[PDB]
Each structure stands twice: as structure tokens, then as C-alpha cells.
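Colleague: So the chains spell out like this:
4 protein chains.
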Amino acid sequence: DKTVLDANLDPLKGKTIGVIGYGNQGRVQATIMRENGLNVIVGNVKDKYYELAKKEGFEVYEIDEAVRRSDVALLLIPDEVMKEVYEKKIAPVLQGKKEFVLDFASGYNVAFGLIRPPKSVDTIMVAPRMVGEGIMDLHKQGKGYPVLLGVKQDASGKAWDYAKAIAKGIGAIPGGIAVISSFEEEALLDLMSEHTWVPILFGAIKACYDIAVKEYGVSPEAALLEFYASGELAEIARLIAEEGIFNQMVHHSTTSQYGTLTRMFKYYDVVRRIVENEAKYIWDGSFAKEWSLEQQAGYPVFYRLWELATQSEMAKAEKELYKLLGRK
Amino acid sequence: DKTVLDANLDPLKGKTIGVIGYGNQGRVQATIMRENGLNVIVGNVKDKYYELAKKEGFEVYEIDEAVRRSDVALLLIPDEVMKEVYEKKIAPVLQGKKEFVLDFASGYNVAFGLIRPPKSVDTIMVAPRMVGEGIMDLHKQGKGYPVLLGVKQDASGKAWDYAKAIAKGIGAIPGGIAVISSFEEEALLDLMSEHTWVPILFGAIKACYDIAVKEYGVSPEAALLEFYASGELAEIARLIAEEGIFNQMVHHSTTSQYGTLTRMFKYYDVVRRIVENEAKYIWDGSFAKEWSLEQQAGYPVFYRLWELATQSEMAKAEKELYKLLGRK
Amino acid sequence: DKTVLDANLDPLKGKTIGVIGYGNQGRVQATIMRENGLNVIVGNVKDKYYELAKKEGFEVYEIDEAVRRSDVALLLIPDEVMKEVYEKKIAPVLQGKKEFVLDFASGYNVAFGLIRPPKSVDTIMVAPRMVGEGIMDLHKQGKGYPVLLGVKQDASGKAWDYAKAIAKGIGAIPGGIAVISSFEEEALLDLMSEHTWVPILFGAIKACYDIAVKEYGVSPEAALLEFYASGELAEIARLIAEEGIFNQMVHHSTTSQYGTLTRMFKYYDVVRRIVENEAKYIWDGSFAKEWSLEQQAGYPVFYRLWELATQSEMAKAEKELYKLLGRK
Amino acid sequence: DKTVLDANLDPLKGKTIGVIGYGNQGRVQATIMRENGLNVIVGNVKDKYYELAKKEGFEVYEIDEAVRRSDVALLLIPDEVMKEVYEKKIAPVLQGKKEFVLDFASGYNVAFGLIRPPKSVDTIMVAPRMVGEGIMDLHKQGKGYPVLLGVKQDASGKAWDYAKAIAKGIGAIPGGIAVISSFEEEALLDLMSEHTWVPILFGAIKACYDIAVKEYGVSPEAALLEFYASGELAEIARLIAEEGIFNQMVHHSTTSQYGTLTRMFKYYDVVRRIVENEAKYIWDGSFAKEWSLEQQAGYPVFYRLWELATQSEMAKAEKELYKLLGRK
Ligand SMILES: NC(=O)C1=CN([C@@H]2O[C@H](COP(=O)(O)OP(=O)(O)OC[C@H]3O[C@@H](n4cnc5c(N)ncnc54)[C@H](O)[C@@H]3O)[C@@H](O)[C@H]2O)C=CC1
Ligand SMILES: NC(=O)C1=CN([C@@H]2O[C@H](COP(=O)(O)OP(=O)(O)OC[C@H]3O[C@@H](n4cnc5c(N)ncnc54)[C@H](O)[C@@H]3O)[C@@H](O)[C@H]2O)C=CC1
Ligand SMILES: NC(=O)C1=CN([C@@H]2O[C@H](COP(=O)(O)OP(=O)(O)OC[C@H]3O[C@@H](n4cnc5c(N)ncnc54)[C@H](O)[C@@H]3O)[C@@H](O)[C@H]2O)C=CC1
Ligand SMILES: NC(=O)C1=CN([C@@H]2O[C@H](COP(=O)(O)OP(=O)(O)OC[C@H]3O[C@@H](n4cnc5c(N)ncnc54)[C@H](O)[C@@H]3O)[C@@H](O)[C@H]2O)C=CC1
Ligand SMILES: O=C(O)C1(C(=O)O)CC1
Ligand SMILES: O=C(O)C1(C(=O)O)CC1
Ligand SMILES: O=C(O)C1(C(=O)O)CC1
Ligand SMILES: O=C(O)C1(C(=O)O)CC1
Ligand SMILES: [Mg+2]
Ligand SMILES: [Mg+2]
Ligand SMILES: [Mg+2]
Ligand SMILES: [Mg+2]
Ligand SMILES: [Mg+2]
Ligand SMILES: [Mg+2]
Ligand SMILES: [Mg+2]
Ligand SMILES: [Mg+2]
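Protein chains in written order, with PDB author numbering: chain A, 2 to 329; chain C, 2 to 329; chain D, 2 to 329; chain H, 2 to 329.
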């Protein structure tokens, strides 16, 4: 199928590579590649992470300097401010180039047009789905991890093979896999999760707490223990990742199975409508507007919601309890 | 009535005039006026259009220089960025003046307060309704064209006569006509069209295509031919402009007349509600906010909708077909 | 694909052809075919058009006489009364035949069963999409035009090749194209347009006028100029036919693009429902009933709506204005 | 105001007049005019009414003969079939004329386009509002009655003075009055009554009977006596015509006044909506279609409703009762 289990490493050997950032990915992928036999460099804001980068033995010039030396550059930095940084300190230098290849971790800025490099640059993506520490927790096992391949602009007829070259350049295949997919799909997917089932889950838990306490005279401690203060969810998620989402439930009681299945098929349409609405809202570009403007305004809503969440009854009770159990 | 069929040319003879821009209008109106016996100048961004402007024999200083020399200035440039340009490079110079007269092509920026010149400047508008090439396609015929007159600020008791002086200074009357109307009316009108019947028309066509193909098993080619790939609409519009909208239909079949009339009077209320909503949305200033913010954010929605429109089935089919017919 | 770019001319050479009518199509297609090397005749009501037909050098017997001489006949006459004329003056003669081929310009009467010739006649259609003058405006250019091919009844196993023979017999391919499609598709398409986007467009324009005048104190002249009294729509339609519907908008302002796209995607569902309703109403045969009965009753609704449209405020204002501009 | 209290009689003296029909109006108006000093004739179907017409001393040729002799003709015949009769036996003769003037009693057929005489005939209306016997019940009193003047087509610049000449030619002014009004207004008005308050009244009475009998155990006799079997309504209507609709109520009890006024102002909106709907239905021409088709089909609905009304309980009870009181 569309999957790729391993591929070549030719087009990157003989060229220099530009690594922008030394955070989670930057450090991991950079060290991996250096250990994969390639000449590489680093670009970074000269701060604590720069200390750590030059510590681990990576020559780190300024950003634009690392782009002048490299014919490839990977922008392993945030998604909320990258626009300005590209406008000022990268776009000029890039205009001073021919045959360049720019690859990102997230498609937010490109899928929505906030960054439009010239037609003189093959534009690509790949993105893994971990938080990043799992990838060393797998590399020391000699394993490989899964990722999502994308190409935005092709000015060399080689963007795809460059894609797989990079892929193998970071230690994903062989050992994991590599999927191919537009910038658009990656962004859509990453945002659907953050907008559909995570918040629904959290709101459901909060509602259960509130109800159980204010309408059935229950002790906060017991509610917290049942819903999330226990590690039940973690084990369930592990079993899901191992065996499968449904086959996981064989280790439960028949009562749990029955209730879960019935109520799942009973409420499927509601959440379906919700997911439709949110996915549409994303496909159109509305959420990117919303979020960019919330930055420009000074993050008021962010602030207020962070406050309301922590000043809620559930959070205070969780505080007292976690204190009791010694949990920090 | 409020119309004016021709008027004087006195207050502009003896004065210098400031022409900002050499695009469609700028070039046409400027050449017309030079050919109407007036001393004029040009202000322009020094680029290809500046090449063409100095080509056609118009001394072109910098913007602010052309405003220092002139006691009148006309801002024949876009509507999305004009704000900043006025703030930086025009407002200072203007503060260095007394007795100035500023006229625009569109009232967007003034009707909504994005540009508020001092009380030391008679502020006016006029705007034609063509795309611009029709006006030479009429001037070489010695004809005149119609326009909309507006006055925002009067500090000389002469703004209206300056208005008609300008009017005749561009070759509209005699030969066409000149209407008088606020900045507000012009903006309201130009935006109602772009928000009510153009998009409704396009959506209706798209829906007809989709339905005919996915529910009645029709070939894309035939659908495209019927709906818009033919020049039927062009001839209809021409006859409308010539004879009248309804009298135009006498050249149709009685079947078409009957169906059209019945369905027109049948759906009038719906579109009426829609038009009410949109006109209200405009009168209040909401759309200007929406659009300015969409600029500040980086044009995400614009980008995504441009993509969705071109990646639609109808567009791909139109591509294949137009290729077949040799149409570029 | 289903398209055909040129084909044979064999089955019509050696046979006589029956041309019923000398209107727009009749004259054009008849002259074309005579100029394509075929023996042809004409059938016509002996009136001014008969004068013009015998003028241009076409022997014109009576209808039934032209059918007795020909083994093919094409009924290039209206769609509202053709039924009776076929019942009286054509059905008998046709019953006096074997091996006949009848082709029409519109499928209304056949797609809905108002005319059911015998199984002794291969029954076909083709229909172009112009108004008719464009076809000489193309033939003098040596070009060809597009059309829609259909076969209703096959009693010779040759109906399709007769179809393409006729096609080339009228100067469409080579130079244009020829699509194949049932009688049903042609009728459905021609009627969807006349019922969905034309009347919606007109009602939207009318509503905009009414609103702008009665709720924002606008002068009728300016409204008329903006909405349709200008030739803006004609140029837009031309660019659509030339470049494409969406690519056409690149010549507009970004403001117009943004508003149009947003409002198009915002109102797509409403017009979709409307189009569904009307297409269903047509597929079932209801509209044909409606229209036939409106004929039998004496055209009352037709009359009254024609009156209401012309006695509207917009029409009177358009009258005064068109008078001012010299437009007849 | 628009009223006219008396006028001239000149244009009709010296000309012959064509009177079509000898029914209620025909006889009355014809005898009046003969008694007003004018040369007149009659056209009639040769039947009992023809017997009566030639009885009263009016030479009566055939219809077309009476139109050949006259330069004016008045069509004092029904509204359901007049179309055909005009098509066959009047349109030809009329085509054989120049300078003709046709006046009707009702605008149904003309206001809706079922009869469109040539531009060689000044087309007019006037219509009285009685049933016809009241007009002799007034003429023997030397009085005059009110009527509604209308002009459809003017080919002599004299249609209005012909109108008033006719008016005085029938004994309406002086003594009554004459209003001027389109064909459209007359038809609209005559049909609104027959569709709004007459049927509402009857349905209300019927509902009151049904309710009182089936939910409060009342004797049919008493219900019939209260609601309509008494002549209460007749006296009320007389007082309305004499004094005024509201001033009429001073002769009632305060209880009746209070209840009537309160419930009138309480239900005004409902009946207003109903009247709006029906008036719209008429203005468009829909009802004329409905009624013409009900003729063409054979009057099924008419028949069935006539049956249901007479086979109702109320009608049978009214039968028994009217029998008791000797009323036929
Ligand atoms: N756990 C996560 O957050 C994951 C993040 N990603 C992607 O990697 C990127 C990193 O995300 P995070 O590190 O979590 O965000 P973060 O909030 O931790 O960003 C902190 C870093 O951004 C720099 N920075 C902050 N503001 C800056 C400014 N105005 N100008 C220049 N530099 C500035 C700082 O130097 C600092 O090193 C994101 O774009 C995301 O798309 C992908 C997988 C998981
Ligand atoms: N066909 C149309 O678009 C019509 C335009 N108008 C009015 O005339 C004006 C011109 O419209 P268009 O030429 O079509 O827009 P446009 O998109 O073609 O504007 C391009 C011009 O704007 C300049 N420009 C762009 N960005 C700039 C920036 N940041 N700073 C300085 N200059 C910048 C460029 O030098 C370029 O010459 C509009 O404001 C509109 O209200 C009136 C009738 C029709
Ligand atoms: N512009 C258009 O109206 C188009 C028409 N067509 C098709 O071609 C046909 C012609 O349409 P139009 O010429 O526009 O209609 P039309 O209203 O112009 O019809 C006038 C013609 O019909 C004849 N006619 C009228 N009543 C008649 C009657 N009772 N008995 C015998 N002959 C009568 C007349 O002699 C006259 O020549 C239509 O059926 C239509 O399907 C196809 C493309 C465009
Ligand atoms: N009381 C009323 O009905 C009112 C009538 N009018 C108007 O006066 C006219 C007379 O109305 P009515 O006498 O009540 O209608 P009606 O139902 O009494 O019509 C009977 C007359 O119509 C003739 N007739 C019937 N069918 C015919 C046919 N196929 N062909 C030729 N002649 C036919 C008959 O010979 C007969 O003389 C109407 O058109 C109406 O507009 C105006 C005021 C009141
Ligand atoms: O929620 C629980 O504790 C479980 C049960 O079956 O009772 C294991 C799922
Ligand atoms: O849509 C069509 O082709 C028309 C027809 O009457 O059939 C000309 C309007
Ligand atoms: O962008 C504008 O203002 C247009 C107008 O409606 O006049 C050209 C489309
Ligand atoms: O309905 C009645 O009998 C009346 C009353 O007042 O009781 C006279 C009106
Ligand atoms: Mg994710
Ligand atoms: Mg994310
Ligand atoms: Mg416009
Ligand atoms: Mg605009
Ligand atoms: Mg059509
Ligand atoms: Mg049609
Ligand atoms: Mg009446
Ligand atoms: Mg009546």
C-alpha cells in the first residue's frame, strides 16, 4: 500500500544539512542523523539550549549562517511565531539560494498559507506522533518509529526520494514505518484530536465529578479516585496500543463490556455531528485565524480559561489529595 | 433630477494635480486629463508601472513630492493596504498643507473611518462602474461614461464644483452622466453585489452540476456546456444592458419566460432576507473588521477557499474540457 | 471519453432530407448542409419566413409533401404547439412510411411522451446550446460548435452513425465537439437553468434594489448603475467562458474575491435544497403538465406576471434612465 | 376627487350601439338607453330571452350582424364561456372594423388576458354593484346608482369621454355616482368578497350550529332560529347601508356592542393574513387558471361540494323547518 518500510539514503550523502533548533526533536533527530553518517550543522537561539547543543558537540552558527552553508534546512521550532522568524531572518537568505529543500514537523503554517517559500525550493513534510522521548526509548532498542510523509512543492522531480532519504536519515524505517500524506492531512488530524475527543473526555469527567458531588452526596476523594486519580486509564491505553481497542476489553467484566458497547452505539450520532462541525471549521481555515488573532490580542481567553480550570472545585480537591499521597 | 450631464472645468485650470498610481484607472484618467488641457503629475512605486508611466511621458516624482507640488491629489491605488501608506508617506506631507482636495475611487477606507484627513482638506469621491478597459473602448468613440459623485468634507464651500470639474476632467460628461452620492452609498452598493447575487449565482451553478451528476447520471461535459461553458450568459447580459432586463426575455421561448417568472416571484422572499442580513452586516462596519483582520492574520481562509474551489470536481472537469476546445 | 471530435458523412449522401422550418436554426443548419453537399428540401408555414426561404433558394413544398419526399425529417419548430401539428399533418404521412429518421432540437415533447412515433422510425436528437446567431458568427470563422447527441428509438441498428452523420452535416465537428446524451438529460438540463439560477439571480437583483432604496435612502439611478444597468456582468461572463469561472476572479480585487468565496460557501446548502426540489419536480413530469395546462387555459399567469414585472418600480426607473442614455 | 356626478352624452348621439344580451343588465340598461334617446340594437341567442327581447320591441339580429351595424358593442353576457364566443363569432367581424369601442360588466376575462382585442378598439369597462333588480327599483324613483369606470385601451384619445357618455347613457349619473378604476381593481374587488368574508361567515355559522348541537345538547330548531333562519341579518345589513356599519350598533344592547368590538379587534390579524393570501392568489392569475381548468374537466369539485352542502345536517333541518313555517 502507501506505506514504505525502508528506502535509500543517497541524495543526502555529500550535502550539508541545516538543523534549526535543539529542543526535543531537534536534539533527537540531529544526534540520530550525525550517528547515521551525515555532515550536519545546527541553528539555534543562543540561550540555554545553545549551551546544551554546543555541549553535545554540534557546531552552531546563527540561523541564517546555517542556511547559507546548507542546501537543506529543517525548521524544528514552534508553530505560533515561526511566521515572523521566517519573514525576517530566513526568507532573505533563502532568496539567496537555488536548490533548497525545506522540511517541517507540522503543516499548520504551510497548509494554511502563512509561509509560502519560492518555487525555487522543494517543499516537504514529515511528522512523528510521539512526544519525543519515546523515540530514544525506542532507538536504544534499535527499533524504528512511524511517521507521515508529505510534499508541498517539487522543483527537482526528486522531492519524494529526498523525503524517504530524510526518513531513513532519522532512524524511523527500518524498524517502524513511513506513511505519505499531504501537509493538509497532518494538520487536520492533529487538530481534530485536540478539538474532539480530548476535550470531550475532560468535560465528561468534570461533569461526572460535579454531578456525583452536588446531587448524590459523594465525597470528593472517592470521585477523584474512581475517575482519574487512579492509573486505570493508563493501563487501558497501554492495552489498547498493544492488543487493539476492542480486544482490549476482554480483560474487563462482562458488565463493563455491555454498558460500554450499548452506550457507545447509542451516542455515536451526537459526537459525529460535533466532529463534522469541527473538521469543517478546520478545513476552511477559520481556526488558524482564531488562534493567530488570539495571539495578536495578548492571550486573554487563554489566561482566563487557565484560571477557571485551576480555580475549580475539582482542581482544589485534587490538590489536597495529591498532597496526601505524596504526589508532587 | 440628481443627475448631471455636463458642467464646468474652471477650478482645475491654473492648478497642479496629483495622480497617485499608473494602473488601470491611473493611466486612463491621467492620459485623459493631460489630453483635456491640464498640468498634471504622477506619483508611483518605482517599478514596472513606473517604467510604463515615464514611458508614456509623465514626469513621476516620489509620492510625497507629487503631493508637495500639487494642491489636489487622487489616490488611485488599492483598498487593502492604502491605510499604512497614507499613515506614513502622505499624512505628514498633507499636514504640511492648507487647501487640499483629495478624491478617491472607492469609499471603503473613508466610509468606515480607516482614513480621516484633517478639516483642512475638502474630501470627495467619484467612482466609475466599469473594469477600466471599457473606458478607452468608449473614449476612442468620443463617448462618455457614468460615475457616482460624493463629498465627505467641505472646507472651501467649493467641494461640489471641484467634484464636477474633476468629472469633466476625466471625460465622463458630456457623453455619459454623473450621479451624486455619499461615500457610504458607493461602498454599500459595491459590496452588496459582491456578497449577494454573484456568490448566489455561482453556488447555484455548482449545485446544479453536483446534483445532475450524482443523482441523475449525467456526463460532466454536458452539464458544463449547458450551465456556463457556453457563452449564453454573455449574450443575455449584453441584451440586458442594451434593451432592459425583462424586455430582454422576448427573444426567449415562452417556456423559458414562464418558468423564469414563476420561480422568480416564488423565491423572492428568501433572497430578500439574505440581502437584508448582508446589507445590515455592511452598514454596521462588521465586514470591514472581518476583512482587515483576515489580512492581519495572513490570509488563511482566502487561501483554503481558493484551494477548495479549484480542487473541486467541476474545476477539474472544466480543465479537461477547456483543454479539448483549445481554450487556454 | 464519450466525446466525438469528428465522424463520417456517408449515410446521408444519396438520400433526401426533410427540413421543417426556416427560423434561426432551420435557416442556419439548412444553409450549412446545402453547403456541405447534400440534397435537401424545406417545409414551412407559407408566411414571411416562407418568403425568405424561397428567397434564399430552397424549394419549399408543404410539410407533408416534404416528408413524403424525404426519408429523414428534422422538426426545427417550437415546443408548445408541435404536438397538434404532429398529430394532424405529420403522423398520417409518417404512417405512410417505413424507414424514417426523426431528429429534434429539444427533448421536451419526446422525453415526456407527448410525441410517440412508431417503431418504424429511428428516433434521435441533437441540440446546440447557443441562441443561433453565434453559429454563423463561428461558421464564417471556419470553426465548429458543441452539441448533445441522443437516440430514443433504434429500428435500423444505425441510429448512432446517422446521429454523427447529421452532426457533421451541420458543421459542428470538426471544429467543435459532440456529446452523446439521452433526450432526458437535455430536457432536464435546459429546464434546470431556466428554473434555478436565472430566476434566483433576477430576484436577488430586484431585492437589492428594493432594499437599497426603501431602507437606506439611495437614488434609483445609482442602484441601477451598480447592479445591472452597467455591462459589468457581460465582461465577467465573457472572462468566465474564456479562462474559467474561478480563474476569472484573479482580475478582481482581493476584497471581492474574499467576500464572494465566503458567501458562496456559506449559502451553498440552501440553493442546493432548492435545486433538488426543482430537479425532482422536472424528472417526474409535473412541470410539463403545469405548462401544457397553462396553455390550455389561455396564459393567464404568464400575462399577469409579465404585467407585474414591467409595472414594478425598478422597471419604470430603468425606463427613465435608458431613455437618458439614449439606449432604446 | 376621482368621482364624477354627471357628464355629457354627445359622442353616442348619431352612432348605433350594439347590445349583446337580454338578461338582467342587458334588458335594464338597454331599455334605459332607448328611453334616453339613442339608436340601439340587440344581439342574442335565439331562445326564450330572444322571445322576450323582440317582445319588448327591440330589433334583434344575430350577434355578428349587430356588431357589423354598430360602432360600439357591449358584451352583457357570462364570464365562464365568453372566451370561445368571442373567438368564433365576434373576433372575425371585429377584425372587419376600424373604430370600435367595447365595454364590459366584468374585468375577469380582460384583466387576465383571456380576451385581447386589437389596438383598433378603445377598450373600457363599467360595472354596477347591485344584482340588477334594484336598478329598476331605483329608476322608477328617478334616482341614479353607483358604478366603476375603467379604460383598458385608448386608440381615439376619447375613451374616457366615451366612458362617461355611456355612464349617463344608462341612467346612473345624475342620481348616483361614477368611480373610475382599472379592470384589475374591479376583478380584484369582486373576487375578494366572494373569497374572504362570505365563505368565512357561512363557515362560522355552520360551525356554531354543529358545536351547539353536538357539544351542548341543543335543539336544531333553536340554533337555526338564532343564527340565520331569522331575518335579523337582513335588518342589520339594511341599517348598515343606511346609517353606517358602526353607528348601526347604537340600536343594539351594550352587551352586544362590547362583545362584538372586543372580539373584532381580537381576531383582526388572523383574517388579515387570510385576506392577504387570497388577494395575492388573485393578483397573480392563479384563481383564473384554477377555475378555467375546473370548467375544462367537467365541474367535478363544484358538483361534489354542492352535494356535501345540501346533504349536511343543517340543510336537512332547515328543510324540515322551512316546511313548517310555510316558507318554500
Ligand atoms: N509536546 C509538544 O508540544 C509537541 C510539539 N510538536 C511541534 O514542535 C514544536 C515545539 O513545540 P513546543 O516545544 O512544545 O513549544 P514551547 O512552548 O515549549 O516553545 C518553547 C521554545 O520556543 C522558543 N521561543 C518561544 N518564543 C519565542 C519567540 N518569540 N521567538 C523565538 N523563539 C521563541 C523558545 O526559545 C523555546 O525554546 C511545535 O511547533 C509543534 O508543532 C510536535 C510533537 C509534540
Ligand atoms: N478590477 C478591480 O479590481 C477594480 C479596482 N477598483 C479599485 O482600485 C483599486 C485597485 O484594485 P486592484 O489594482 O485590482 O488591486 P491589486 O491586487 O491588483 O493591487 C496591486 C498593486 O498594489 C501595490 N501593492 C500591493 N501591495 C502593496 C503594499 N504592501 N504596499 C504598497 N503597495 C502595494 C502593488 O504595487 C500593485 O501595483 C482598488 O482599491 C479598488 O477599490 C475599482 C474598480 C474595479
Ligand atoms: N432563443 C430561443 O428561444 C431558443 C429556442 N430553441 C428551440 O427552437 C424552437 C424555437 O423557439 P422560438 O423561435 O424562440 O419560439 P417563438 O415564440 O419565436 O415561435 C414563433 C414561431 O412559431 C410559429 N407559430 C407560433 N404559433 C404557432 C401555431 N399555433 N401554429 C403553428 N405555428 C406557430 C410561428 O409561425 C413562428 O414562426 C423552440 O422549440 C426551442 O425548443 C433552441 C435554442 C434557443
Ligand atoms: N347576479 C349575478 O350573477 C351577477 C352577474 N354579473 C355579470 O353579468 C353576467 C351574467 O351573469 P349570470 O346571468 O348570473 O350567469 P348565468 O349562469 O345566469 O348565464 C346564463 C346565460 O348564459 C348563456 N349561456 C350559458 N352557456 C352558454 C354557452 N356555452 N354558450 C353560449 N351561451 C351560454 C345562456 O344562454 C344564458 O342566457 C356575468 O358575466 C357577470 O360578470 C354582474 C353582477 C351580478
Ligand atoms: O471500572 C472498573 O473498575 C472496571 C469494572 O469492570 O468494574 C474494570 C472496568
Ligand atoms: O436555455 C436555453 O437554451 C433557452 C431555451 O429557451 O431553451 C434559450 C433559453
Ligand atoms: O472589486 C470591485 O470593486 C468590483 C466591482 O464590483 O466594482 C470589480 C468587482
Ligand atoms: O343577538 C341579539 O338578539 C341581540 C342582543 O343584543 O341580544 C340584538 C343583538
Ligand atoms: Mg497529535
Ligand atoms: Mg498539535
Ligand atoms: Mg462594483
Ligand atoms: Mg469591490
Ligand atoms: Mg439552455
Ligand atoms: Mg429552454
Ligand atoms: Mg360583487
Ligand atoms: Mg363575481
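Don't read these hints as lab results, they were simulated from the structure. Misleading hints may appear alongside valid ones.
Remember, identical chains collapse to one label, so a pair may be satisfied in a single copy or spanning two.
[To be verified] Listed below are the simulated SDA-like cross-link pairs for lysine to any residue, each with C-alpha atoms no more than 25 Å apart in a straight line:
#, residue 1, residue 2
1, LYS120, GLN296
2, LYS55, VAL219
3, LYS324, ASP211
4, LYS90, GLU52
5, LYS329, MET250
6, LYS89, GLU233
7, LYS141, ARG239
Colleague: All the hints need checking, so say for each whether the structure fits it.
Modeller: Status of the hints after comparison with the structure:
1. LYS120 to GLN296: This pair counts as between: shortest inter-copy Cα distance 23 Å, intra-copy 30 Å.
2. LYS55 to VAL219: neither (56 Å within a copy, 41 Å between copies)
3. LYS324 to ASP211: So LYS324 and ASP211 pass the 25 Å test inside one copy only (21 Å; across, 42 Å).
4. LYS90 to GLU52: within (21 Å within a copy, 31 Å between copies)
5. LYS329 to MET250: between (32 Å within a copy, 15 Å between copies)
6. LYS89 to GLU233: neither (49 Å within a copy, 35 Å between copies)
7. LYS141 to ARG239: both (20 Å within a copy, 22 Å between copies)
In this structure, the earlier hints numbered 2 and 6 are contradicted, and the remaining ones agree with it.
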